[PDB]
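Student: Construct the complete structure from the given sequences, taking the supplied hints into account.
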Amino acid sequence: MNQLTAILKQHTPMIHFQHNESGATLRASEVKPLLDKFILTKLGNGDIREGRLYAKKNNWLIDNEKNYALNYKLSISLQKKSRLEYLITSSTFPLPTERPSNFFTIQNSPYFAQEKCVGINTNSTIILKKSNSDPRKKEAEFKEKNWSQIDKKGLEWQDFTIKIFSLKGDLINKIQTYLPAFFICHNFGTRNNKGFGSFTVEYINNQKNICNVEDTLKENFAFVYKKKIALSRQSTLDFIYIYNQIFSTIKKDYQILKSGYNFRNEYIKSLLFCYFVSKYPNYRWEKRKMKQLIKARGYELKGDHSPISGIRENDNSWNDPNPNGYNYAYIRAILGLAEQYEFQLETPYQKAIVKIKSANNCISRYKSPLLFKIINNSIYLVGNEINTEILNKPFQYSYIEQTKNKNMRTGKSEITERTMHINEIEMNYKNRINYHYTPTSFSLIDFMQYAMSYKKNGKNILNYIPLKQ
Amino acid sequence: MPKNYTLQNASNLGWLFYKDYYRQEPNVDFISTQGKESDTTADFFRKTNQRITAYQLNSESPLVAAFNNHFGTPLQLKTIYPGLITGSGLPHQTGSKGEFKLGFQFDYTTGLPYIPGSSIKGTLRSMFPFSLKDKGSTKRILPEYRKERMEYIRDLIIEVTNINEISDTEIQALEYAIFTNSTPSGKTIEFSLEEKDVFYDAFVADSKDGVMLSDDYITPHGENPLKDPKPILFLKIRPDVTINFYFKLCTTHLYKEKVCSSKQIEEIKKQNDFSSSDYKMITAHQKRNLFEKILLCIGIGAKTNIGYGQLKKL
Amino acid sequence: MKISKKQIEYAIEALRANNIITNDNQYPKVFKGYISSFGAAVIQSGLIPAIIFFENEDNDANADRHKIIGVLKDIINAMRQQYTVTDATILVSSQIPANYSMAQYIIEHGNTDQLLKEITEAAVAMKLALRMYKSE
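Residue numbers (PDB author numbering), protein chains in the order written: chain A, 1 to 469; chain I, 1 to 314; chain H, 1 to 136.
None of these hints come from the bench; they were simulated from the model.
We put the beta carbon where it would ideally sit given N, CA and C, even for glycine.
Be careful, since some hints might not be right.
Not everything, but these chain A residues come out facing chain I in the computed CB check (under 7 Å) [as the list claims (entries may be wrong)]:
{"no.": "1", "residue": "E21"}
{"no.": "2", "residue": "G23"}
{"no.": "3", "residue": "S29"}
{"no.": "4", "residue": "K32"}
{"no.": "5", "residue": "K73"}
{"no.": "6", "residue": "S75"}
{"no.": "7", "residue": "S77"}
{"no.": "8", "residue": "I363"}
{"no.": "9", "residue": "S364"}
{"no.": "10", "residue": "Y366"}
In silico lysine-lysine, DSSO-like type, Cα no more than 27 Å apart, as pairs [what the hints assert, rightly or not]:
{"no.": "11", "chain 1": "A", "residue 1": "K393", "chain 2": "A", "residue 2": "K357"}
{"no.": "12", "chain 1": "A", "residue 1": "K42", "chain 2": "A", "residue 2": "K168"}
{"no.": "13", "chain 1": "I", "residue 1": "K293", "chain 2": "A", "residue 2": "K81"}
{"no.": "14", "chain 1": "H", "residue 1": "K117", "chain 2": "I", "residue 2": "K19"}
{"no.": "15", "chain 1": "A", "residue 1": "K73", "chain 2": "I", "residue 2": "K19"}
{"no.": "16", "chain 1": "A", "residue 1": "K9", "chain 2": "I", "residue 2": "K312"}
{"no.": "17", "chain 1": "A", "residue 1": "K57", "chain 2": "I", "residue 2": "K135"}
{"no.": "18", "chain 1": "I", "residue 1": "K312", "chain 2": "A", "residue 2": "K367"}
{"no.": "19", "chain 1": "I", "residue 1": "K78", "chain 2": "A", "residue 2": "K80"}
{"no.": "20", "chain 1": "A", "residue 1": "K468", "chain 2": "A", "residue 2": "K218"}
{"no.": "21", "chain 1": "H", "residue 1": "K127", "chain 2": "H", "residue 2": "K6"}
{"no.": "22", "chain 1": "I", "residue 1": "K121", "chain 2": "A", "residue 2": "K163"}
{"no.": "23", "chain 1": "A", "residue 1": "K66", "chain 2": "H", "residue 2": "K29"}
{"no.": "24", "chain 1": "A", "residue 1": "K163", "chain 2": "I", "residue 2": "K135"}
{"no.": "25", "chain 1": "A", "residue 1": "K32", "chain 2": "I", "residue 2": "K227"}
{"no.": "26", "chain 1": "I", "residue 1": "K230", "chain 2": "A", "residue 2": "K357"}
{"no.": "27", "chain 1": "I", "residue 1": "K313", "chain 2": "A", "residue 2": "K73"}
{"no.": "28", "chain 1": "A", "residue 1": "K129", "chain 2": "A", "residue 2": "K351"}
{"no.": "29", "chain 1": "A", "residue 1": "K258", "chain 2": "A", "residue 2": "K455"}
{"no.": "30", "chain 1": "I", "residue 1": "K293", "chain 2": "A", "residue 2": "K80"}
Tutor: Written as structure tokens, this is what we have:
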């Protein structure tokens, strides 16, 4: 065989940056590099070096010397060009009652870029203004011109074809075995780690594929958990009602492990923070010392409750216990590196920004090591071990004060930036256990065990079934 | 001026992309490190790219009509979306923000995007068994290369023409007649003027409702996932754009696994011991169908492995 | 265009003076591609874009690409040092300042055919001079 034809079904709307073209679909420049790594990993039985030797042996490599690339041609095309366009934001807003029939929204999602697309400025796709008659309960207006000039859109297409061409028959047959598993194990598009680009294979060369999703995830990932979504009735609005629950739940569940939930009278402690208090080093997250340092200056922060120390129900304290200061570290780095910390001083129209830099330009980014997968409306949280390079690395923090001044009668704008004179902890303080340094020891499998076995009052906070630990 | 390229109101696209791209303007700096990362340089390059990507092509274009008159009836195929790239290796890069980092293949005179006939000829030959040169470095992969390509050529020939059976020597002779215009060896066949296979330049024919050039990104992530990515912006031919392939093809006469001239085959037919089983004929139309099938199979241009340059029937 | 032996001599001393050629008559193997790519960029994109690209010091390149622009400047200075009095009336015989940016020098002096011709001849001379030594 020389050609491989596969039909792909979409489970979540991909965030595509080239949505302008009507033929915009999954990009093969993304699929092929990941598929090459997946096949080489599978050929070597979990090791990419043995798999490359296997591909080198049977002349499957484009270059035998320096790249993982395999000698095949990949093409992804749309059969029917009718698509659904989604507005994916992290902020809830009222639905505008004038929209194209293919326009849909995911109000609460992990995708937090493009937050300006809903707001006040004329560049926003959806503009909110105070409704007449009753105050509050604003209504939204849809601007199609801003919809056109959006960088990324959530696109969902009907079944579309993947064409793989190779003059090597044995390469094609090995691709056929691994192709259904590759798409189950990977997501594509922007913010793919939160389950925005899930695809599955239906027909391989006009043959119905029977690949159990549970065991496929079991062999490829170290830990797998399953979440039972509420099987609500009225399953005719399949798109919006189901998608909104799933992505709101993912944002809920993810903002439990990383940081906590703080809305109404409902507080769940950061499971990552709880994890490090339990262990021997008794690390306290950098957020604690950030707040303490800012209070050490003449800056007062908004909050009815003092910063949380430890795990116990009420330890909202501002000062370290007594014998010496707590052990501090950059706990939140291991689950995703950020650039700024916003603290939102109580004094209105001004806030404090803490900038994170690698304290030597080595770590510029870090993808979150947790992968959320959505297949057939079932939420699977899979993952592997973290990159050990992030462990025990320094980080400089720049403390700057930003004041969003009350306009100037013309432009409604601010430029104010002031450097807060925070007494900075020395880099070599406490033998390089200060709050500048990432934790020395951390295992994701151990963390996911502790996080999803955690309990207060009753039941599990993260209602997951542990398929694989 | 802004759209509908034509010949009276247009700016040469190759000129804009190569010579006028980096024109020195007041207040625009990209010599210094600060200038190359500045927003003013990004705005300058954004305006230049917007000027580049604003031109459409009408079906009744006098340029395309002249091409049709000069080079005959075209083979119209339509671009699908990864895009289409030609001349990616042409140096076009300074290190600034918002500029096109890869090269593009523009015709010097007309300025239209095009694929040189050498590119088409090489792409079509690469799917034939004897494209690879027998060399010391290539001798390891040489047997598998020909073995794999010969089967493909055999099925494609059986599909496009009425020939039930074709031999390896016949395929070799046909390939060397089409591309080398000789025998497999170094011998020359006495061919007439019309008995030559010519691969003209493929030109962009018609962008129905929209521009023919768009911008695309390739963003390599290095061997260290902890380091920042590298956005590379390049220029591509937009999907749903008609590409006109022009060929000058003849009829190939094979008798006893050897390529014969038209008058040679007439003389052979006139002889008494003429075995019709040993006579094979592939016409220009069947050659065009063969080339069309090859193009629909592999495509043309750069980054064809990752999808770019795939074609559909108009 | 015929490359003189004096131009190749200038190229040799310029490649030694910057530090392309080590004391054992060897050079890093990537400068060959650097000079070939500079010639291609000059012929395709133009003098100014190629000079700006290869003059950049904040590169991700394996080696120091800007040293080829330094060699260019040294070769052009050596070429201009031997300009005849009647040549100086038609051609600019002034020496390029050592610390001056080559791209801004070209821009301030325009885009005259003299500078482009000198750059092309010096690039060919650099290629020929590298061809005389061993690629590490």
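Student: List in ascending order the numbers of the hints, as given earlier, that are violated by the structure.
Tutor: 15, 18 and 24
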